Structures are given as structure tokens and as C-alpha cells.
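Number of protein chains: 2
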Amino acid sequence: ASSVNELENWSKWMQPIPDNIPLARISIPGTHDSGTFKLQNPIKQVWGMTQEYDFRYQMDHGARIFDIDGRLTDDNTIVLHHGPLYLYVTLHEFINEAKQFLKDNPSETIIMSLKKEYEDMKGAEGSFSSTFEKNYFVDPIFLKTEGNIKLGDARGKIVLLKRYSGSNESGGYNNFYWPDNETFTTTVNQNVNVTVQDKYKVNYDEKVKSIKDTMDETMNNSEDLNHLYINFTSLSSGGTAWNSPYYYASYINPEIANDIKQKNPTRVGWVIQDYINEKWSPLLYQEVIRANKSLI
Amino acid sequence: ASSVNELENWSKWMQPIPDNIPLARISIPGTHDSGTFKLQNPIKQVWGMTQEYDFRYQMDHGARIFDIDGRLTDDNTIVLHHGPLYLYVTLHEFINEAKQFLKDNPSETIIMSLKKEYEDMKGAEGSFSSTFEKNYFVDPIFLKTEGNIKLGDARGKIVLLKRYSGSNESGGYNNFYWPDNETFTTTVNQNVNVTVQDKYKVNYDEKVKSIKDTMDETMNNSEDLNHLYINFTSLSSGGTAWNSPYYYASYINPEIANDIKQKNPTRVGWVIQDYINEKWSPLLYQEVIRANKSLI
Ligand SMILES: [Ca+2]
Ligand SMILES: [Ca+2]
Ligand SMILES: [Ca+2]
Ligand SMILES: [Ca+2]
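Sequences listed follow chains A and B, in order.
Per the UniProt record's numbering, the first sequence starts with residue 32, numbered consecutively.
Per the UniProt record's numbering, the second sequence starts with residue 32, numbered consecutively.
Misleading hints may appear alongside valid ones.
Note that the list lumps identical chains together, so a pair holds whenever it fits in one copy or between two copies.
BS3-like, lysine-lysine: derived pairs with alpha carbons at most 27 Å apart [as the list claims (entries may be wrong)]:
#: 1; residue 1: 240; residue 2: 130
#: 2; residue 1: 165; residue 2: 294
#: 3; residue 1: 292; residue 2: 165
#: 4; residue 1: 153; residue 2: 75
#: 5; residue 1: 75; residue 2: 294
#: 6; residue 1: 134; residue 2: 324
#: 7; residue 1: 43; residue 2: 310
#: 8; residue 1: 69; residue 2: 294
#: 9; residue 1: 310; residue 2: 146
Hint data in this document are derived by calculation from the structure and do not stem from the laboratory.
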């Protein structure tokens with residue numbers, strides 16, 4: 032079954048996309064700081080909450096990229112954090128949720144970005160990477176091949192986007208440089224390069240221009256099949272005020288979504304957003320999925 | 032039996048290397064001040080601890096060279112010291128650990144340096160050298176032959192690297208001069224030369240560059256079967272923490288490990304490191320063993 036109306040099933044939108052196309056080329060909705068949805072204290076919320084619904088909701092709304100920040104415990108486990116804040120979620124919980132979704136929707140893949148967010152607990156004998164790789168990554172749900180990863184190889188599996196140093200097991204997208212608060216271009220592996228727009232902590236107007244600038248580059252470069260474009264629409268908190276990630280997203284999400292809706296581009300990139308919800312109308316993740324109609 | 036995968040064991044990694052290869056040609060992880068793992072006092076650890084796990088752990092993580100420093104006691108026994116610090120370990124204990132490992136893994140060899148670390152306890156009978164050679168070295172676990180020692184003669188035995196004066200018994204590698212805090216080249220016996228890099232007490236940048244320079248040379252001189260390369264990654268203590276052996280090691284170990292990973296050399300030498308452990312993230316000892324692929 033390969034038809035344009037199939038992009039409309041948000042829990043199965045990758046089904047009609049040809050198996051031979053690189054993940055890089057697909058336009059894919061992502062969630063920024065995916066595991067922050069359990070946070071309750073409004074002071075903790077205004078500073079570090081980026082999502083209000085759990086992993087399965089994010090996935091059934093079309094998100095296929097997950098921004099997972101981890102801290103290594105004294106127990107050979109990894110739990111999720113946002114800066115110093117313990118989220119109330121462990122890495123194993125994320126992986127179980129992803130496995131359950133992939134079992135229900137085996138046409139899909141889940142891309143998991145994994146970053147060391149906070150310093151290791153004092154009793155930990157292993158490194159963040161040996162501990163992840165020995166205790167979690169060994170599961171056959173994780174794709175262990177590399178190059179310019181294709182959709183066909185990814186279906187039914189989790190594809191790692193490594194953001195931690197010292198990996199010793201092949202698989203997914205290699206760790207690459209990653210300067211703070213910039214738009215940058217580098218190499219991922221022999222077959223892949225990457226441009227990332229990740230200017231968190233600029234003012235609203237610079238943010239919106241940066242999102243659009245990088246989106247223009249990816250539209251104008253729609254046939255560059257081994258070039259990843261990762262575009263974060265999320266902006267960090269001004270704290271106590273009218274400048275929370277929530278407040279920014281309530282304007283940024285529908286603005287970028289309308290731009291896409293109106294331009295009807297053939298490629299928009301991996302667009303990683305705060306607050307996936309059905310609240311603000313032109314829906315960003317929907318418009319992003321719809322930019323794949325030229326691949327069917 | 033006979034493939035490069037057998038380098039992954041690492042209780043048995045010497046097994047696939049041909050017997051007629053001189054030990055000098057093999058790339059071999061060693062541990063610096065091997066006996067210091069029992070130290071508990073924080074002041075003492077800061078100044079004098081270089082390892083945190085026992086001898087068998089070291090061997091089971093691939094170390095085959097051991098830096099033993101001893102002191103002759105009241106009872107004509109040799110106990111291990113780090114300068115004035117009594118460690119809580121004797122020569123007999125190291126030798127018995129080595130025997131058990133070699134019984135369990137008879138394809139391997141253990142190379143042991145012995146040095147006089149502190150003056151004899153005044154109550155003691157002869158000299159350090161005469162007590163060692165008469166009470167310990169006479170055991171047939173110690174190889175008594177010399178020249179450019181081959182792996183085939185070394186298997187199932189201890190190969191001594193003599194760092195004491197006054198030797199009266201043949202076997203292993205002769206004492207040779209050894210200028211302080213320098214990298215230098217000399218002769219060991221009629222059949223072997225040595226380059227040693229042992230700049231303890233130099234700034235971090237000069238240390239990292241000295242390590243690489245010596246390693247660059249050894250990887251360029253891969254067919255030089257006549258020539259031993261001993262490269263110490265260890266740096267001495269500043270009063271610490273923040274300039275501990277542990278502190279320096281946390282950065283040096285993974286940095287050199289990654290340098291080797293990236294360069295894929297066919298020879299890197301006898302690499303003697305602080306803190307053999309699983310704490311930091313690409314593993315120095317593993318990357319040195321892996322550099323033996325060309326020999327198989
Ligand atoms: Ca984060
Ligand atoms: Ca390209
Ligand atoms: Ca010593
Ligand atoms: Ca030579």
C-alpha cells in the first residue's frame with residue numbers, strides 16, 4: 032500500500048515511503064527534550080519542560096526522532112535529566128515504549144538521539160558509553176550498521192544518533208563535533224554529512240530567521256540524499272516570565288507550519304520541536320510529514 | 032586458534048601471535064606502579080595511587096607488563112612500596128597471582144620489572160639483589176634465558192626486566208642505565224635496543240606530545256624487530272586532586288586510545304598506563320592489543 036493519503040495515518044506515515052530512500056532525505060518530525068512531560072512544579076516547568084505528553088502520544092502524533100538526555104547512575108543504569116533536574120523517566124522506559132510502538136507499527140522506525148546530560152554518579156565503574164553499549168545497545172532492536180542509513184534497514188528498529196564520546200560498538204549515526212548554540216556543517220561518516228541549526232538562547236527574531244534560513248537550504252538542496260539537515264525549532268527559557276519554551280512554541284510552531292503549508296516544499300529536514308500537541312492550529316509535525324508526498 | 036578475533040579475549044590475546052615473534056615487536060599494555068591498588072587514605076591516594084584494581088583484574092583486562100617496586104625487609108622478604116609508602120602487598124603475592132594466571136592461561140607470558148624503591152630495613156641480612164635472586168628468581172617460573180626474547184620461550188613464564196644493580200643470575204632483560212625524566216635510546220644486550228619515553232614531571236601538553244612522538248616513531252618502525260619501545264602514559268602527582276595521577280589519566284588514557292583508533296597502526300609499543308579500568312570511554316589497553324592484528 033503506497034498512496035498519498037497514507038501519510039495521513041500519523042502512527043504509520045513511513046509505510047508508503049520507498050525502502051531505498053536514505054532516512055537523511057525524509058522530512059521527519061522530532062521532539063526536543065522528549066522526556067520532560069512528567070515535570071509538575073511550575074518553577075521546574077517554566078525552565079525545563081518541553082513536552083506535555085508521553086512518548087507513545089508523541090509517536091502516535093508522527094514524531095520519529097527523540098531527543099534523549101541521560102545521566103549514568105551508580106547502578107549501571109541511565110536515567111533521563113534536563114540539566115540538574117531528574118525527569119521521572121529512565122532510558123529503559125523510553126526503549127520499552129519505542130519497542131511497543133514498533134511492534135504495533137512495523138513499517139516505522141524510531142531515531143533515538145542519546146546525549147550525556149549530567150556528570151556520572153560517583154559510584155559508577157563504567158563510562159556512560161560502555162554502560163549504554165553493554166547494557167542497552169546490545170538488544171537486537173538497535174540497528175548496528177551505518178553509512179547513509181536507508182529506511183528499509185531501519186523499519187522495525189531503533190536507529191541511534193550518538194551524541195556521546197567514546198563509542199566502541201558500530202551502529203547508527205556516529206558522534207560528530209557539535210558546537211554550542213550555532214548552525215554548523217560537518218561530517219558524520221564516510222557517506223554522510225550534516226547541517227544542524229541549534230541556536231537555543233538567541234532572541235525570538237534571530238531564531239525564526241535561523242529556522243527559515245536552514246529550511247531554505249534544505250529545500251534548495253532537495254536531491255542531496257546523503258546530507259542530513261537537523262533543524263531545532265525549540266528555544267530555551269527566559270525563566271520566570273513570558274519567555275518559557277511553552278510561550279515560544281505557541282508562536283514558533285504554527286508560524287513555521289504555515290510557512291511550510293503555503294510553500295508546499297519537497298523537503299524540510301528533521302524538524303525537532305517543543306510541545307507536540309493538537310493545540311496550535313497549523314500543525315508543524317503534520318506539515319513536515321506532508322512534505323514527503325513527492326517521495327511516494 | 033589462529034585468527035585476529037582471538038585478540039578480543041583478553042585473558043588469552045597472546046595465543047594467536049606467532050611464537051617466533053620477539054616480545055619487543057609485540058604491542059603490549061603494561062600497568063605503571065602496579066601494586067598501588069590497596070591504598071585507602073585520601074592524602075596517600077592523591078600522591079601515590081596509580082591503579083584501583085588488583086593484579087588479576089589487570090591481567091584479565093589484557094595487561095602483560097607489571098611495574099614492581101620493592102623494599103628488602105627485616106625478615107629478608109621483598110614488599111612493595113611507592114617511595115616511602117608501604118603498599119599492602121608483597122613480591123610473593125604478585126608472583127603467586129602471576130603463576131595462577133599463567134596456569135589458567137598457558138599461552139600468555141607475564142613481564143615483570145623489578146626496582147629497588149626504598150633503602151633496606153636496617154635489620155636485614157644481605158642485599159636486595161642477592162635476596163631477590165636467591166629466594167625468588169630461582170623458581171623455574173622465571174625465564175633464565177636472554178637475547179631478543181621470543182614469545183615462544185616466554186609462554187607460561189615470567190620475563191624479568193631487571194631495574195636493579197648487582198645481578199648475578201642470567202635471565203630476562205639486563206639492567207640498563209635509564210636517565211631520569213627524559214626520552215632516550217640505548218642497548219639492552221647484544222641482540223636488542225630500547226627507546227624509552229618516561230617524562231614524569233613535565234607539563235600536560237609536552238607529555239601528550241612526547242607520548243605521540245614516540246608512538247609515531249614506533250608505528251613508522253614496524254619492521255624493526257631488534258628494537259623495544261617503552262612508552263609511559265603516566266604522569267606524577269602535583270599534590271592534587273585536579274593534578275592527580277587519576278586526574279591526568281582520565282584525560283590521557285582515552286585521548287591516546289582514540290589517537291590509536293583513528294590511526295589504525297600496525298605497532299604502538301609497550302604502553303605503560305595508570306588506572307587500567309573500564310571508567311574512561313575508548314580503552315587504551317584494548318587499542319594497543321588490537322594493534323597486533325598485523326602479526327596474526
Ligand atoms: Ca536537552
Ligand atoms: Ca551530498
Ligand atoms: Ca615506580
Ligand atoms: Ca632500531
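> Which of the numbered hints above does this structure break?
Replying inline: 1, 5, 8
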